[PDB]
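Visitor: These are the residues of each chain, in order.
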Amino acid sequence: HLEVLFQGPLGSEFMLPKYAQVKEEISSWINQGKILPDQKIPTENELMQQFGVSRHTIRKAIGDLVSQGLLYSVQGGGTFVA
Amino acid sequence: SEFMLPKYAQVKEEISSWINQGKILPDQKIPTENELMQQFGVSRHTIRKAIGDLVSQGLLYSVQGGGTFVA
DNA sequence: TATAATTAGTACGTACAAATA
DNA sequence: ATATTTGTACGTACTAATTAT
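Protein chains in written order, with the entry's author numbering: chain A, -13 to 68; chain B, -2 to 68.
Careful, some of the hints might be misleading.
[Claimed, not checked] Only pairs whose alpha carbons sit at most 25 Å apart, straight line, appear in this in silico DSS-like list of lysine-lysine:
no., chain 1, residue 1, chain 2, residue 2
1, A, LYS46, B, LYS20
2, A, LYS9, B, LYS46
3, A, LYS46, A, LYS4
4, A, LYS4, B, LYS46
[Stated by the list, open to error] Calculated Cβ distances over 10 Å to all of chain A for the following chain B residues:
no., residue
5, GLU11
6, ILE21
7, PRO28
8, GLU32
9, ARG41
10, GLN61
11, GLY64
None of these hints come from the bench; they were simulated from the model.
Here a beta-carbon is modelled for each residue, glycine too, at the ideal position from N, C-alpha and C.
All chains, full assembly: derive it from the sequences and hints.
Guide: Below, the structure written as C-alpha cells:
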C-alpha cells in the first residue's frame, strides 16, 4: 500500500526533500526490524508507486543508504538490508 | 572489456587524480559542473554522480551556490 | 543596498544495458 | 529464452544559496 511523503514548503522550518523523507522511512523499516539483514526491500518500481515519487528520487535515497552501509544492491537481483 | 569503466567512474578517477597529485589543495574549488561537463563531454547527471560519490567518500565537499572543494 | 548571474540542489521524465530470477 | 530488476546515461525544469555587478 501507500506511504505519504508529505507535501512541501519553501519556508516552514523546512521539510526534508522527498528523497530524504524516503531515506528516513526505509531507514525506519530497518531500525524497527521490519526488514532483516539479507532480506530484500521492495523493488524500485514498488517504491516509486508506494511513495508516489520518481525512480530518480528512489535511487537517490537508496544510493545514500547503500553508501551509509545499511543496504546493498545486486543488479538484476534486488536491494537488501546489510 | 577488462579495461572498461563507466563514464562517471572515469570522471571520478580523473578528479581523484587531481586531488592526489596535489593539483587541487584542501578547501580549493574544483571546476564547476558546467566546466566538468564541457571538459569530459558528458551530462550534468554523470558529473553529479561522480562528485556525489567523491563527497560520500569524503574526498570533496559541496556548498550550494558556492562550489565543490577538496576536503 | 539591492539585483542579476552563477552554481549546486531537488525532482520529474526517457532510453537502453547488464545481471539476475 | 522471457521477464524482472538494478545500473548507466541523458533530458528538462525548476529552486536555493552563493557570488559578482
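Visitor: Take the hints in turn and mark each one as holding or not.
Guide: How the hints compare with the structure:
With a CA separation close to 30 Å, the supplied pair A:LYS46 and B:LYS20 exceeds the 25 Å bound. At roughly 18 Å between alpha-carbon atoms, A:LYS9 and B:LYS46 fall within 25 Å of each other, so this suggested pair holds. Proximity of A:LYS46 to A:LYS4 is assessed by CA-CA distance (about 10 Å); at most 25 Å being required, the pair is judged to hold. Restraint check for A:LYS4 and B:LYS46: satisfied, since their Cα atoms lie roughly 18 Å apart, inside the 25 Å limit.
Distance to chain A confirms B:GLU11 as a non-interface residue, since its nearest Cβ pair spans about 21 Å, more than 10 Å. With a cut of 10 Å on Cβ distances, B:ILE21 stays outside the contact zone with chain A, its closest approach being about 22 Å. Listed as outside the interface, B:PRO28 is consistent with that label: its C-beta sits roughly 23 Å from the nearest C-beta of chain A, beyond the 10 Å cut-off. No Cβ of chain A approaches the Cβ of B:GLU32 within 10 Å, the least distance being about 23 Å, so the stated non-interface status holds.
For B:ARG41, the non-interface assignment is confirmed: its Cβ lies about 13 Å from the closest Cβ of chain A, beyond the 10 Å cut-off. Taking the minimum C-beta to C-beta distance to chain A, about 12 Å, the non-interface status of B:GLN61 holds against the 10 Å cut. The claim that B:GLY64 lies off the interface holds: its Cβ sits roughly 21 Å from the closest Cβ of chain A, which is beyond the 10 Å cut-off.
In the structure shown, a violation is registered for the earlier hint numbered 1 alone.
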